[PDB]
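Just the one chain here, the form deposited in one PDB entry, laid out as structure tokens.
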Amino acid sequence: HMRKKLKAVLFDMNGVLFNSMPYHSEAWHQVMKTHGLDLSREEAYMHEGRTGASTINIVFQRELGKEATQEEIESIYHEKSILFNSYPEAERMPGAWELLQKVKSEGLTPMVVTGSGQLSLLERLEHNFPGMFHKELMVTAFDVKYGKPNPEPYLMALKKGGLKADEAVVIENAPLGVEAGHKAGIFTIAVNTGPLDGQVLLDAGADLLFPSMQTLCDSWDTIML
């Protein structure tokens, strides 16, 4: 009985609200390439949600047979940031305004649940989506001990919203994020907005898979009944 119970829709940020993942992927792929290391564009999408350190160490361990130092991690992350910021500013994901407007018109409360602490994207939420969100109904990197795929960010969103899990749905693009929503016990919709096989998102625990935000918006009525 989803129409009766649903109160809130918990949106991830990168790859759901903002179309920033082509730029994060390119920056990771290219920084590693300049260091002579192979991290494909598609693989960078797999690691969406991991810390810079964890991502870097995955590549360092498999290619060089060793961990990166803290000095190597800090410098590669700086390099990645320089590259990312040299690209155009990320636009709103097509379909994101539309789905937000649709759920708002149904009396649902949008929330943001992001692993970002990147204040360059975080500050842009209010003014890219005016009236959609409330600062008190947002979860960012600043609010949590463990990021996705740990369920903590989604469990914290339920707490901030005064919600039970059966009163929310999660909208996620990334396998680690889908895993977090599922492990939080919330009905989780995957939107496959990048180059990954959609099966990866189903295997991470998504209850439904859609190929894009606009497709989900177009199908929202069919879900709810």
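Rigid core: the largest C-alpha set superposing within 1.5 Å between the two forms. Numbering follows the first chain given and starts at 1. Compared with the form deposited in another entry:
With the core held fixed, the Cα of residue 193 is displaced between these two forms by less than 2 Å. With a cut-off of 2 Å and the rigid core superposed, residue 141 has a Cα displacement that falls short of the cut-off between these two forms.
Relative to the larger rigid part, the smaller part rotates 17 degrees between these two forms, based on C-alpha fits.
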Contents of the next structure:
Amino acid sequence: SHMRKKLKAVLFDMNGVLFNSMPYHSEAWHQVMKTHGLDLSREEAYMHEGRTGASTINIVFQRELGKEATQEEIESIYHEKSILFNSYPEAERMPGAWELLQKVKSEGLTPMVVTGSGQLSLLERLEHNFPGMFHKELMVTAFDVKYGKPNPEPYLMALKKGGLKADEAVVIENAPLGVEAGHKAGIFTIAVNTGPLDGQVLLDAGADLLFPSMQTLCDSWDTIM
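The block above covers the form deposited in one PDB entry; next, return the form deposited in another entry.
Just this one chain is shown here; partners and other molecules are left out.
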């Protein structure tokens, strides 16, 4: 209740929060890896949600083959994963995301995007799907980071870009590595379990609140702190 008046900004992940894109991202990781000669299950792709493509790929190479991926393997796999993602009927808005962003903006809060994604098709569609909401100066993407989630790094960058202190922001995340990153950046973190995981893993990652959907979050927004 003290900390509600402090709030200046709401920091959203994109995949699994703004867009219902994760069934596609997991499918694509799995398929591109299969094609390369590596086993990456759809469930495990979900566990890597938040990491850079480069990080995801390297980790999977270590676990499966006992070696680093080369820069060329990384660029090739990542480019293919993107082609494959773009082959599916374009991902739609998560139900509740746009209603929530209207609530946030009417409360005078600044929306931000903090994503580990580099998917240009989705980043360019932010304006078309949530008009007037986001600005490129107030976003953090895969293009900005050296390490990425679950390194607090991208949310630390977001606080800096927004001229914010950790207590002036809230994080909305759906994936454990992202919840971790927000938490370790010292920001109050709301988890929304939009994926196929036990909500417990989101609490274990440091989430302050847990909601089952973006819609239910939106409904309870006004009763929070």
